[PDB]
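There is one chain below, alone, in structure tokens, taken in the form deposited in one PDB entry.
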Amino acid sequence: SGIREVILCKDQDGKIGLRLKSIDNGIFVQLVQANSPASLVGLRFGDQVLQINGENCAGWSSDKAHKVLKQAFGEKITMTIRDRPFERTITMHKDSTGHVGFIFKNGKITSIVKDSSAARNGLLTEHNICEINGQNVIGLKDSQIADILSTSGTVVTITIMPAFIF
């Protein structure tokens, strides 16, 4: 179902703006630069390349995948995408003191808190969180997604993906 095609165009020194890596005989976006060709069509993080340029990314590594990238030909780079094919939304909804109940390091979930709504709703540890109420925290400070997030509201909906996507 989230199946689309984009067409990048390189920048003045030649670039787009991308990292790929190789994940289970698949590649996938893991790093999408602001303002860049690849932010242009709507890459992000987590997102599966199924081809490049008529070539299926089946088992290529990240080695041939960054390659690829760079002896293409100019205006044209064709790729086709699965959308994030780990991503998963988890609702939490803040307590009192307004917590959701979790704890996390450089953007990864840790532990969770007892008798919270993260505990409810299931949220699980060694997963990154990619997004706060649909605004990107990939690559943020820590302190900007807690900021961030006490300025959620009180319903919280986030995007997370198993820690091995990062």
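Positions refer to the first chain, counted from 1. What changes on going to the form deposited in another entry:
Two rigid parts rotate against each other between these two forms, and the hinge linking them lies at 87 among 30, 138, 118, 87.
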Second form
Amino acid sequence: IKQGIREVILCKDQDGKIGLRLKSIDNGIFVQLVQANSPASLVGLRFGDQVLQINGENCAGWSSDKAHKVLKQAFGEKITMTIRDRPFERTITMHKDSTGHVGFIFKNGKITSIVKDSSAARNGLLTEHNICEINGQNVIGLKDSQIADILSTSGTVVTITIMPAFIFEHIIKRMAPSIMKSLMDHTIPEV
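Having gone through the form deposited in one PDB entry, I am curious about the other one (the form deposited in another entry); can you provide its structure?
Shown next is a single chain and nothing more.
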């Protein structure tokens, strides 16, 4: 998770879609959903990203409705956004044991216990954090079984992007889990 602000320049698809849902948190605007194969995915927007500006308007104080309204009205030949990278998240690097474990239990995406003497304990993995990404792959919406598969079919070094449950809960609110399982970009990023 960069400590970095960055500009992205977007262009609507032939359907006038960018593939984004925004959500208002603590008088910021945060990315609730990046759609697979969208402009939003292509410029590299991620779950949990803060939108500081849209076309050089500050987003501070907007409803999620006003954020979505603004998007709709943009002469969207070209859309500029100032992004703060995933401010509510942190990345932890672990190494599997010979048993092939990093050493935690999760339920519905959320870490619930740390196993003693483990790489998770050594790196201070916290419980009551939801798992947002795994080796830069968004895994939000996926079943527990599929998350477990991605951890199985990884190298010895594992990278996990976590977010405090209470913050995760407040972001995803008013999004059908199915839509996030169905449409939340779970792809490895293009180059």
